[PDB]
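Read off the chains here:
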Amino acid sequence: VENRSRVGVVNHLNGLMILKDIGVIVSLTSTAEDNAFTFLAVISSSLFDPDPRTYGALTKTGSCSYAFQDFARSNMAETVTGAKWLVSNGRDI
Amino acid sequence: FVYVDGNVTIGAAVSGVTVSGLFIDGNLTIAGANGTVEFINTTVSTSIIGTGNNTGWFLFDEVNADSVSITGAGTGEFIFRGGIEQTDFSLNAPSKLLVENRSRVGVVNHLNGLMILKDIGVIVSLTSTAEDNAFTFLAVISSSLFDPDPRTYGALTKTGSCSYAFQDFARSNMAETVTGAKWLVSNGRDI
Amino acid sequence: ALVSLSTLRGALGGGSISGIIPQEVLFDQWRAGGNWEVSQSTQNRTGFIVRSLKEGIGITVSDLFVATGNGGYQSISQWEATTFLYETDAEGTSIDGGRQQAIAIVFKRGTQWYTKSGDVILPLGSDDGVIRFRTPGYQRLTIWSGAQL
Amino acid sequence: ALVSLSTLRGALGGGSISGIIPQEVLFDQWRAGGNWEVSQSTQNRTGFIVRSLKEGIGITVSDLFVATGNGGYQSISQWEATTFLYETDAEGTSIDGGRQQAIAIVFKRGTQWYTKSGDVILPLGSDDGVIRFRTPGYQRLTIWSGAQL
Amino acid sequence: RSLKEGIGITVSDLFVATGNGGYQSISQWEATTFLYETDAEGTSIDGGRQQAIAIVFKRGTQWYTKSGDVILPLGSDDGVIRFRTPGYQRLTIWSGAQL
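For the record, the sequence lines run as chains N, O, G, H and I. Each number in PDB author numbering comes from the position in the first sequence (counting from 1) with 343 added on. Each number in PDB author numbering comes from the position in the second sequence (counting from 1) with 245 added on. Each number in PDB author numbering comes from the position in the third sequence (counting from 1) with 149 added on. Each number in PDB author numbering comes from the position in the fourth sequence (counting from 1) with 149 added on. Each number in PDB author numbering comes from the position in the fifth sequence (counting from 1) with 199 added on.
Possibly wrong hints are sitting among the right ones.
To be verified - No more than 27 angstroms apart at the CA atoms, straight line, and that leaves these computed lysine-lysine pairs for DSS-like:
{"no.": "1", "chain 1": "O", "residue 1": "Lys427", "chain 2": "G", "residue 2": "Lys257"}
{"no.": "2", "chain 1": "O", "residue 1": "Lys427", "chain 2": "G", "residue 2": "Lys265"}
{"no.": "3", "chain 1": "H", "residue 1": "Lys265", "chain 2": "I", "residue 2": "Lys257"}
{"no.": "4", "chain 1": "H", "residue 1": "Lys257", "chain 2": "G", "residue 2": "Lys257"}
{"no.": "5", "chain 1": "G", "residue 1": "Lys265", "chain 2": "H", "residue 2": "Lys257"}
{"no.": "6", "chain 1": "O", "residue 1": "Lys427", "chain 2": "O", "residue 2": "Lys403"}
{"no.": "7", "chain 1": "I", "residue 1": "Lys265", "chain 2": "H", "residue 2": "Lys265"}
{"no.": "8", "chain 1": "O", "residue 1": "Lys427", "chain 2": "N", "residue 2": "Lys363"}
{"no.": "9", "chain 1": "N", "residue 1": "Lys403", "chain 2": "N", "residue 2": "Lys427"}
{"no.": "10", "chain 1": "G", "residue 1": "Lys257", "chain 2": "I", "residue 2": "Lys257"}
{"no.": "11", "chain 1": "G", "residue 1": "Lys265", "chain 2": "I", "residue 2": "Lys257"}
{"no.": "12", "chain 1": "H", "residue 1": "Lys265", "chain 2": "G", "residue 2": "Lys257"}
{"no.": "13", "chain 1": "H", "residue 1": "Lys257", "chain 2": "I", "residue 2": "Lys265"}
It is worth saying that the hints were derived from the structure and are not from the lab.
For reference, chain N alone in the conformation it holds in the complex:
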């Protein structure tokens, strides 16, 4: 899924999901279990609606591996399951 100004609710229970260049996401939930085909990737997307200025929910309990990149969301505490991967380089500024 790519190049959209909005998307509704997303549930990931299996398979490979790539969310790329997304304006606003109402909420994301997933429960996929680690294997050779279940993975989650997010690129240039947010859970923050510019209006009326609220943060969308997030939840991931499954064990499937994943990797975030600029997945803007709440800056508060959080908790995620599965083996995260770091892709952001960190040489800038």
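Assemble chains O, G, H and I onto chain N, guided by the hints.
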């Protein structure tokens, strides 16, 4: 190839229109419209203009334009996309403005309304002086002011008071001044 | 007609700046010995002032516990800027007046947030999605929330 | 455009003396060593009650700051009615201490009575005619009538 | 505000009035604490109230002041406001609008 010599206007309360494959040699006024419009593969030799009361959603695709202007008390949603020309923008209205997937954009002015800059290769310059209201907010996403050639930075200026939120917005690293509530939309847990 | 006066600057006499008027007296008699209490009537009455007071540095500390016929007594010092002392047997006294407790409130108004100390109002700016609390170490901190009433 | 009335109540308000009421607990801990700050989201909320509670008579005193996500800190203690202290070469003998006054006020709003402790609003249940005032012995317990100015 | 500094001999006390009105007592209506020293000779110590602050606000052509949660009517808008507090204090006045 098709050539048109004149102006095209969407009359008051019009809806359901669709256009494609035309080279319009004049303005394109959109006033009093009720939304549900869609332009494709079109060119304009002058400035698109919108005034009066507007509702609904408008779409322009691959619509090269010399400039764009929005005014009035309308509260519609203008959506842009594509194009290969350095277009200008200026929004003074309570409408909502969206721009995405463009290689360039000329000067940009933000007096009122809600402007969302998304996925722009380069911006010549940006400005903003709006005021706080439930319809006003400035948000930018994945766009840089630094032109690769001749390797310079476009200016930035925000003296108004409307809130805002930057995510992945490359600009002059030098210290500067910005006015208005800021949201830390991005996340640092992952660098 | 259009108007903006009827907004927070509405026709009211200005916000809700009101303190129980120092109304007439009702009762004043002092008692030693065991705990003592009296009662009054709400008939044709909508407020009272209580000034329970210590005298003669007695062991008992000044306190206020107020109840109606049904409800239980409320704790007043429990929401006070209490001050203790660092009573020490040391020959070189370091008995400081350590501030036992401190309490403050943060509430919302439209796109503005305000915190109030005593009667002074501290403006905090515009909405940003987050609040921050900073305190020194070795204390205990609690935070609640509730309706604005 | 149209604005929901309830939303207007978040902007307007006044007339009757008002304040916050404790309704939930969001965070609570005790910590020794370095200072420690916290954050709270402003989403769907309108008020917080924060208490800097000091245990024992330890080295460091209780203090409080407040700020938004990017605002500047405000020191509540900067505006108060503070009780000072000073010590001579005293050898550390028993001290009186203890609070002196318990002055407060009470008020009623239709279905329920109330009394304002600092800025926290204390429920007093329904109205049943009978009022109660309690304080230990050796105390001055003056009372008055009162009205919502 | 009137702040005694250090161990000032004169404690902090604040009295306010109108241009031609009587003095109203603030310290009369505060929830204070005290620390009386020991009867043991030589164990001298000093403490009490050092910071005092008051609020003044107009309601029409009248001036009203609030202490604790008690409103003391100073008087009408006679034109001037009188104040009194002991010495060795750093008297201070700000402009405070209503909310």
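Now the hints, each set against the structure:
no.	hint	result
1	O:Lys427 / G:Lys257	holds (18 angstroms)
2	O:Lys427 / G:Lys265	holds (24 angstroms)
3	H:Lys265 / I:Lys257	holds (23 angstroms)
4	H:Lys257 / G:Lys257	holds (24 angstroms)
5	G:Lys265 / H:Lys257	holds (23 angstroms)
6	O:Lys427 / O:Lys403	holds (12 angstroms)
7	I:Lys265 / H:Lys265	holds (15 angstroms)
8	O:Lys427 / N:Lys363	holds (25 angstroms)
9	N:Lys403 / N:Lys427	holds (11 angstroms)
10	G:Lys257 / I:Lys257	holds (25 angstroms)
11	G:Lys265 / I:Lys257	holds (20 angstroms)
12	H:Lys265 / G:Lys257	holds (19 angstroms)
13	H:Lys257 / I:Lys265	holds (20 angstroms)
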